Amino acid sequence: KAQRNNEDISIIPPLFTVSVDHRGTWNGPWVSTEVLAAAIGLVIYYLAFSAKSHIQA
Amino acid sequence: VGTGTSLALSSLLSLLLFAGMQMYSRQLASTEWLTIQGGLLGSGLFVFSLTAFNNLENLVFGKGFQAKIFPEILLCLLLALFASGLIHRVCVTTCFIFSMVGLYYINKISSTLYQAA
Amino acid sequence: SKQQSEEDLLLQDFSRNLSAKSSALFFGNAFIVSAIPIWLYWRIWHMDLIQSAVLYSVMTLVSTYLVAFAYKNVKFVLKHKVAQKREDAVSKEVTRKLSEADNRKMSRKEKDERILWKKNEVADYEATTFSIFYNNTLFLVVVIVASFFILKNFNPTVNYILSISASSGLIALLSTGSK
Amino acid sequence: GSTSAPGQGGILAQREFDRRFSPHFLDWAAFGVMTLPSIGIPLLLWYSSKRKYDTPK
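Residue numbers (the working numbering), protein chains in the order written: chain X, 23 to 79; chain D, 4 to 120; chain E, 105 to 283; chain C, 2 to 58.
One should not assume that every hint holds.
What the hints assert, rightly or not - Okay, derived cross-link-like pairs now, DSS-like style, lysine-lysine, Cα gap no bigger than 30 Å in a straight line:
| # | chain 1 | residue 1 | chain 2 | residue 2 |
| --- | --- | --- | --- | --- |
| 1 | E | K283 | C | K51 |
| 2 | C | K53 | E | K201 |
| 3 | E | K283 | E | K222 |
| 4 | E | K201 | C | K58 |
| 5 | E | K196 | E | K222 |
| 6 | C | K51 | E | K125 |
| 7 | E | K185 | E | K106 |
| 8 | E | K185 | C | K58 |
| 9 | E | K196 | E | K215 |
| 10 | C | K53 | E | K283 |
| 11 | D | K66 | E | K176 |
These are calculated hints, taken from the structure and not from any lab test.
Chain X on its own, in the form it takes in the complex:
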């Protein structure tokens, strides 16, 4: 009734509460994005290329 009437759901005291802990499903470190993979590749490449120009001069 409270939800269908848009009243404070918290007013109804739950009979009991339970805490479930979720410690993260393992997907690896969050670098596995195709766009980001190019971002790290290009970022590294730009520094490397500049280093080359630093040597060639």
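Use these hints to put chains D, E and C onto chain X, whose structure you have.
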């Protein structure tokens, strides 16, 4: 730095800016502040592209080639503006304004470095 | 043995035949990198290795030849500049080593030889390590961008052939253009 | 009533599990580890050399 390496470096910097602008075009146009941020990026693309074009001209036609208002300067400005339109119409004013401000100082820098020497 | 001392190290570097250490490092490193993209397609794209092994290897061997064809030329260009830039410190190290020799009648050719020996080593080395890094950077970065953005609309098979052939071929061409 | 029946399936062994999808979303991070010899080791090693000889005058 060497002219041949310099041409590649300018091209790389301009290319990277253009690719990033397209990738985040939707985000950049979402808000007025982000569109203004696009204006800074577009001007930077113009500056690097102009440097690359002059470097290429020097290598093909010999060192000391002088860039003119037309078509070398005009073409570089046009390319930067075209990228600005893709993200949003609004930048064409801001993206253009930043490019002009950079151009005046860049010419001032070039005159001191080359004419004095 | 003054004449032989100056010659030995210089000859091997300038020779068009790779020094035993240089050949193994270039060939092996090129082979490892050429194969690395196989793991991308095998894992992300889920392309079976055993069934296509014949093609997979052929393209890997082709890449190794071009990448090594990039190592020698890229390193050669860098070495010319590197040797001079490192000579400043390396000359100090050699001269200090020659002060320990304290040769009363040391030849002038020996004076050039000792400094040259170390200067060659550093230029030969710093060029090799850095060159391999840069060439590996371009090849791995190119396949990532081309395959995942340029070839986004093609079958994995055509993507592998085009990406690997293109990246290695273009990189080899850039090697000579730097020279 | 009777619920839907998935039917027949195949249980593998632990090693096979590793060889079809262990770094499924770890793929890019593993790619960095594979490329560490190709990029990280040469770059870091050279930097130690450059620091040694690149003394300010």
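Tell me the numbers of any earlier hints that the structure contravenes, in ascending order.
none
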